[PDB]
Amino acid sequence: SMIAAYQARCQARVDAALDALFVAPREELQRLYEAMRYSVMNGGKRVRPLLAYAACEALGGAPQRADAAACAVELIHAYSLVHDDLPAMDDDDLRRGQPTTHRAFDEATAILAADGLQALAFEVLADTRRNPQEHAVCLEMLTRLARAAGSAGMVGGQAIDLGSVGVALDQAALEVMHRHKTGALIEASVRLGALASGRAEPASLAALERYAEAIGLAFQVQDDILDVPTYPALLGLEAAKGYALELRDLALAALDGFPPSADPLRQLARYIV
């Protein structure tokens, strides 16, 4: 309701900012930049931008302060999908009915476009015009994003996944995989938005990290539920649904004491499940 509207405003805000980043600086680079644009400007829901803006507003910052944060998280996400789609990875020909990047262009150009998206994510955070935070804050945002995106985070999770093929994951191992593959970047989206607020403090960051850890897992449990090694297969459908509610409750509990400006985060938590 309110969250639907909030989503739409965040999607518009981040899309305007992202669109500006795909201008080839010379003609020989036009096709590469087209493939970059194709890979990002695909009507995606922008959950990670929404989290960055909402965490920013939760601490009292104007949302436009998180524009670079929101761009950077989405760029990381977008690049990861491009590589994931490749034949040697998940080998997907379509994404929401449209050719994947390697299919529209070619494999090499997809590989490269995504590589350039990752560089661009760090570029936008280190750019003190695009990301006009205090310099110590910019470095912390970069640090968190690099950790979350790299082999100890998102890329790590993809390797754990590929290493678990033909192995029956217990719940603990499944959750390790998820924490890395998607949790890290979800947690970073919240962290970076909070940092962009100019009002972050250790207690509020810790609370928001608790929120993000819960919401991150809830997204996946609910995704598996909606699809019906998944949560419903492990737990049974009913127990999976109950778990999703438990994760919502944890998220809400983590926002104890936050002002009304945290309502978008509360609404999202409820909405997921």
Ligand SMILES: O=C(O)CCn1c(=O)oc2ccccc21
Second form
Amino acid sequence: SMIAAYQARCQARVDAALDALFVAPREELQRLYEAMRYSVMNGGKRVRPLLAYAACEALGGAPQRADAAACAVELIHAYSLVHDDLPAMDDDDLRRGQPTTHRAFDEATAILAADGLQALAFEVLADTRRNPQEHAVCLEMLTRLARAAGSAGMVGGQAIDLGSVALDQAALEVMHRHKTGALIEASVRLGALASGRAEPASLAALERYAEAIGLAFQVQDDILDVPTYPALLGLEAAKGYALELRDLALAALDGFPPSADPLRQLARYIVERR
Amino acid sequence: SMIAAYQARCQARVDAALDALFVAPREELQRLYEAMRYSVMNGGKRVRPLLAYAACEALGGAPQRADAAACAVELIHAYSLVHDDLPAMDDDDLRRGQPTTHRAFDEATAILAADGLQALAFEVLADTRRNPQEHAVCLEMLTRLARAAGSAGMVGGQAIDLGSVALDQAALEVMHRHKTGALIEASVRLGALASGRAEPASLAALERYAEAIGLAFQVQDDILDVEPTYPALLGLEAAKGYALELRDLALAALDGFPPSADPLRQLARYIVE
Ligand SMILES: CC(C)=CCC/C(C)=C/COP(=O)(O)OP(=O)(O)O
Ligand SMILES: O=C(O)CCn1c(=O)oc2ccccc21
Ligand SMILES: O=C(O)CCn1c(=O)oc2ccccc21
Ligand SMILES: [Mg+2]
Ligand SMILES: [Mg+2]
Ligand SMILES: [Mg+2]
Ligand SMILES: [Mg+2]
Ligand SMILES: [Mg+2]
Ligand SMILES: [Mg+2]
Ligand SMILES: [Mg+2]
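Having seen the form deposited without the ligand, I'd like the form deposited with the ligand bound now, please.
Expanding to the full complex; the earlier chain stays at the top.
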């Protein structure tokens, strides 16, 4: 599988596009823009960009069409991690072994940098030079991202995670579907929209794909860490379920052409990682 | 008093629209949505909605056309105040004698509720049923609000404030223009775009208006506090004179506008009394 090569290509592409967004328009704003840059340019794997590019290719679009989509979903993702790391939330000093933004700078600056990243995400999609889709398509991208990022999506999931106490599998899945599923789903949907060849049946299929891989990731993460999927189902039964989720993802792409292979490969990668 | 009646009408209208946005879609989200509601439905005067409605009317649009614009700018405003109140920012326990959101609920909840409000402001403008403008207009409204709300606007102003040091007037005005001026200017621009009649000249004139009133609000707030601030820099009498000069610049920007701009004229006068 060339998923590692595909991941590296999407990472490089989106990293170049993102890095160009962090130039302060005036000197008084330099430190804020530095905190924004620090919060995004942290060597992340850019899975949500990968998804946008791969969904766009799956429907036959040239990947560059999805550049704004890739940037927007990464910006949302980045802003959410900054807030998640804050003392009032997870109170993390480190993220992937490097100081969190509130430690590198200060708490007010982290809060603010991340708020500015959220606005930027929406700016990038509404900018018809950076996101040169048909207007109705740009508006649909923005609608979907705002719904996915907001209180009925990602932020909702963070609230559900914080508010939770024994969860059963159904409740764990509701939490995951909001906290990470919504934005994963939006990454796929936005890339699909960026293709210019979206239609309802393909969008629905791609939504099924995205649902399945979003959960697969969480199941396999729990397995690798060994109220978790192994605790709930048993270890070996959790491993089984990860395969079933991969299979649902692959089945959702039945009938898609070979250009959907990156999506297929990602589905396998998620459950094969050791 | 004409302005008082106009403000009351805008307040009631936008409050009805806003209140309807805070219904949790499922039970696990109820407390979050309560915190969102608590943060917005707080008896605010709704100056930014007023500006959107009045700019729309100034260009001959029916005010209802600006309903989404009015919501969006108020949602931005509301979110900004929730984050500003947090312990790491202004650490404010009360706003008009009522607990701030982090006090009423908890800090994480407040952070999250406000993050959701920001997303919602964009959702409301991108929704073509709620914001039924021509699609190019919807996108321009969203572009302008995201620029005004973000790190080059409102958030930038908050960063300049934390980064500030005896400021001189010029530096104080750079701070104010970002921290509050961007969003005031966006409110006027979005209401003007909602009219369906915007043109480059009228937009530019309305921007000059908005610049002037945005600063006049700050100068007059400082004066009222007395009755690094405008009175401290200039002395009380000269700060008062400056507020009057800004009102004059605002009225001058409205040269040529029809009587439907009277609300804007009246607001400019109200601010400096
Ligand atoms: C609305 C906000 C701030 C959302 C955060 C969403 C999210 C994915 C947080 C990380 O989860 P985690 O805390 O379980 O994972 P990590 O180990 O990455 O902190
Ligand atoms: O370690 C690496 O740099 C690549 C590991 N990796 C990979 O090979 O494919 C991926 C897809 C998403 C995220 C990570 C992936
Ligand atoms: O007494 C009140 O509650 C409203 C006073 N008020 C008014 O009369 O016009 C206004 C415009 C903007 C904000 C407040 C205004
Ligand atoms: Mg967390
Ligand atoms: Mg965490
Ligand atoms: Mg887990
Ligand atoms: Mg403050
Ligand atoms: Mg305060
Ligand atoms: Mg107070
Ligand atoms: Mg002041």
